[PDB]
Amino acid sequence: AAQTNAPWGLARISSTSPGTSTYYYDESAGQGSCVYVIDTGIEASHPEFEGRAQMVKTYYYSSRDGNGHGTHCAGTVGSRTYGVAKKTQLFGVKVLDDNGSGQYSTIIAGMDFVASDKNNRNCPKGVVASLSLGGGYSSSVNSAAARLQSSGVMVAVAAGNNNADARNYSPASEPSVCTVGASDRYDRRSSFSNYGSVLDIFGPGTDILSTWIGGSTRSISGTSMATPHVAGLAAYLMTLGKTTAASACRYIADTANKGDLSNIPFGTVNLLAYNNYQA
């Protein structure tokens, strides 16, 4: 399949080179996989989701995304126009309030929720979780992310936006999950992206067009936007049979575009997520 005039980040995912605008992908498109978006919620009724999105848990008075961030992330995972895995099922877990913040205890509860709830869903090709959130180091938060990964969910987490070593942030610093840095359309590390030896991969994170609340769309930037590109890519690859949840991060790193990014500090991977699709 070929989607012309795609968002630059989709085109970058399927390209060995910057500067193209068509997204190429296998038509299976993540069908039979599931992605949990652990964030501010998802506006499921948005047509771009085509009935494939639903809210499954909230820790607040409503399951509505009153912020937009979670809807934007879900759109990069799996919206029809803006998504990597255009046929995946999307499950929203609202651990962040409408101001975008959440207590660590609530975030931990939402991760444990996903580890159990996947047993209530039909995801024969595999289960992914996209965690576009983070704060300071917490061994409890890291343990919760490690448990989720151990349960058989591919966990993708944002490195954080502090232009600092991700070792000091959670869940970014948990070794066993897939920690995602952000790049821009000219193959530079995004200026805000955290770095360090705990990173596994980079994805597109600067000026990312996706869905928003109110049936709308907008471009925004962050490692929170890079993370759903990698989560969607994992779902896509798991549907193709190329990898499993336990192996997907290593598979993506093994098949990544290698050595092509700029402003990568010494000691940080220079790997950019790539779908290796050949039509």
Second form
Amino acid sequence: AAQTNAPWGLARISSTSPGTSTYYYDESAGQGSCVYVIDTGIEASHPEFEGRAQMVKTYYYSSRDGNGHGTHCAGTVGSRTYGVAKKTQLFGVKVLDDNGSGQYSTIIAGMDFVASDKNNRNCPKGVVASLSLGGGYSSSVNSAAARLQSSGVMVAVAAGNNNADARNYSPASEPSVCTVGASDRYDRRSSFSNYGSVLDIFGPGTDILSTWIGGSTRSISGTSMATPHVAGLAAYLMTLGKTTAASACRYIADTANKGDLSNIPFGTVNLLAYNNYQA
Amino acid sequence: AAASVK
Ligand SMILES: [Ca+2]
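Alternate state requested, the form deposited with the partner chain bound (shown: the form deposited without the partner chain):
The complete assembly is shown below, putting the previous chain first.
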């Protein structure tokens, strides 16, 4: 299939070269896979989700997204127009308040929640979780993400936006999860993207158009934007049977476009996620 | 004790 005039990041993860505007993808489009978005929530009523989204857990007085951050991330995974896996089922988990902040204890509670809740859902093709959040290093936070991965959920985490080595941030620094940096439309490491040996892969992160609250759209930038590109890709590749939740990050990294990025410091992978579709 | 959006 082909989506003309798509957001540049969708075109890029289906291109061996930059400067294209069409999104080429298999029509299965992640059907039968489930992606948990752990963030400020999801405005499920948005027309772009087509009823495939719902809020399953909150740790605050409200389960609505009052901030917009989570709705945008969910849009990049699975919105009808802006999403990688246009037929996936999305489940929201509000671990951050509408200011965008949260406590590490509530972050941990949300990861252990998904490890249990997935057993109450029909995800015959696999389960992914997207974590476009982070903070300072904490073993406990890392341990929570590692537990989630081991249970059989592909965990993708944003590397961070401090133009520093991600080893001093959590859960980015956890070796067992997939740690995603950001690139821009000219195949450069985004200026703000963290780096380091703990990074697994890069995805589109600068000026990413996606869903927002109030039934709207907007473009924003960060490693938070690259992570759902990778989260959706994993859901798409599992439906196709190409990999498993356990071995997906390694599979994306091996099949990636290798050697196309600039502004990559020595000691960081030069891998840009690629969906390897050949119509 | 706090994490943030990125
Ligand atoms: Ca890994």
